[PDB]
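One chain comes next, on its own, written out as C-alpha cells in the form deposited without this ligand.
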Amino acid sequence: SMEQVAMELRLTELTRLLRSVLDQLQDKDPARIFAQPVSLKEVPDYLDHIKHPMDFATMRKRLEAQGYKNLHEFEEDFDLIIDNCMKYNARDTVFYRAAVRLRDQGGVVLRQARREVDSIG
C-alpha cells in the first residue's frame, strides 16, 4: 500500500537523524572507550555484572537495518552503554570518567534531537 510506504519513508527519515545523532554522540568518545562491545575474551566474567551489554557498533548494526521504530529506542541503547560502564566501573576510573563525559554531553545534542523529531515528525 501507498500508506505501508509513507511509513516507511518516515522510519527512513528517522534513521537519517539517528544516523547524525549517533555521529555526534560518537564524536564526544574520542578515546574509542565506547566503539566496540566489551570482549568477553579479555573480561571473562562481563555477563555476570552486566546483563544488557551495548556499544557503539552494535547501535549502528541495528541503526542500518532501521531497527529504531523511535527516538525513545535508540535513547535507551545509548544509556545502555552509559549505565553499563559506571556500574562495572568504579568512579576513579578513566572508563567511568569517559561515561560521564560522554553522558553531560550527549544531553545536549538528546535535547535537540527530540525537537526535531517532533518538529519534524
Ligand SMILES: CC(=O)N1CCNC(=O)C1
Contents of the next structure:
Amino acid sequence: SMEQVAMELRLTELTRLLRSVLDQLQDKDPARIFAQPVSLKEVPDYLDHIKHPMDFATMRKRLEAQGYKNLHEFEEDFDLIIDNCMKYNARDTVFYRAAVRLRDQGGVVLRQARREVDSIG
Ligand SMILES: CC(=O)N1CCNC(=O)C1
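Taking the form deposited without this ligand as the starting point, write out the structure of the form solved in complex with this ligand.
Shown next: the complete complex, the earlier chain at its head.
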C-alpha cells in the first residue's frame, strides 16, 4: 500500500536522524570506553551484575536494522550504557567518570533531537 511506503519513509528518515544523533553521542566518548560490549572473557561475572548490557556497537546494529521505532526506544538504550556503567563501577573510577561526562554532554544532543523529531513529525 502507499501508506506502508510512507511509513517506511518516515522510519528511514528517523533512522537517518538517529544515526546522526548516535554519531554525536559517540564523539563524546573519545576514550571509546562504551564502543564495544563489556568482554565476558575479561569480566566473567558481568552478567551477574548487569542484566541488560548495552554499548554503542550493539546500538548501531539495531539502528541499521531500523529497530528503533521512536526516539524513546533509542534513549532507553543510551541510558542503559550510562546506568550500567555507574552501577558496576565505583565513583572513583575512570569508567564511572566517563559515563557521567557522556551523560552530561549527551543531554544537549538529545534535547535538540527531541525537538527535531517532534518538529519533523
Ligand atoms: C563499560 C564498562 O563498565 N567496563 C568496560 C571495560 N571493563 C570494565 O570492567 C568496565
